[PDB]
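Heads up, the chain below is alone and in the form deposited in one PDB entry; it's given as structure tokens.
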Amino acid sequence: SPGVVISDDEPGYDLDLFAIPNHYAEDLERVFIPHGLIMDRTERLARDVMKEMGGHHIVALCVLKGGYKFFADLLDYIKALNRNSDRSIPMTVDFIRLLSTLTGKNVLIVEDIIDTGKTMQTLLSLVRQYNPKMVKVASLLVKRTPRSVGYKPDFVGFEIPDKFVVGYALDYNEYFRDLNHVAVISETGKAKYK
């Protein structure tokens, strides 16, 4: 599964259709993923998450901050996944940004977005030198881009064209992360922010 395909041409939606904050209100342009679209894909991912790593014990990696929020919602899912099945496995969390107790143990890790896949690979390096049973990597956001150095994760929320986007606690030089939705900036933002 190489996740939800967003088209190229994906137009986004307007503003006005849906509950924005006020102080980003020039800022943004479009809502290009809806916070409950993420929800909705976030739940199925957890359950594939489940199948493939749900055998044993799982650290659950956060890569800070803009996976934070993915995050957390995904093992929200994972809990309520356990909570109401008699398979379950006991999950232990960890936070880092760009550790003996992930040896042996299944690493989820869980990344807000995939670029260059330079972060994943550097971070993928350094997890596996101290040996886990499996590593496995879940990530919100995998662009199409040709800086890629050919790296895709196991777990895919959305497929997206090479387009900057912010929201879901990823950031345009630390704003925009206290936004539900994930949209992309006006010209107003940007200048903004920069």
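Rigid core (definition): largest C-alpha set, two forms, superposition within 1.5 Å. Numbering follows the first chain given and starts at 1. Compared with the form deposited in another entry:
- Core-superposed comparison between these two forms: among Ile89, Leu124, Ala72, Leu81, the single residue whose C-alpha moves by 2 Å or more is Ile89.
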The other form holds:
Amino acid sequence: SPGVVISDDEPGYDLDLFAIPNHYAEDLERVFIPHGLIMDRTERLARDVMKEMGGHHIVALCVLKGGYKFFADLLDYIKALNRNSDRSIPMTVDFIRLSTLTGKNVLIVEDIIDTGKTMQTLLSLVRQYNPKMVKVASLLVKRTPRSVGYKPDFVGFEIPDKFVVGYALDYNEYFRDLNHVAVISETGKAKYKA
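Complement to the form deposited in one PDB entry: the form deposited in another entry:
There are no partners or other molecules in what follows, just the one chain.
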């Protein structure tokens, strides 16, 4: 499934309908995915992953310079599933940045997939170490003409081609205290520029 599809015509939500940090009022255009909807979708992703790969030990890999926050929530949800199974399932968690992967189930966790080049490159590397199974979970997949066409195994949301921030998605180290996925405004785009 392509996940939750936010279409190009869907405007999103007015900033006034949800709680927003006041220091970002002029910095955001609109709210795409409230923090609460991200959690509800992420909980479902954890069940899809466990149903498909969680039978035994997995290696979950967070791609650095990315969405550590989404890796953390997804692993929280996975742990809750394991916490109510009858088996004690071990689990390796590591962080990768672009040897013991061989023979194991590898889940790669990314926060956003824009062009898809990063993930396209990462998989070639991981697959040269020949693992039994390598799957990718991405919170957001952006619909962009700049995309090479890659399709993650597990997709939280499919969003229009807009620059988004909040939850896991910083912008020059700002916006990590924003828990909703919003579209950045030109005022904010230039305010926190580097």
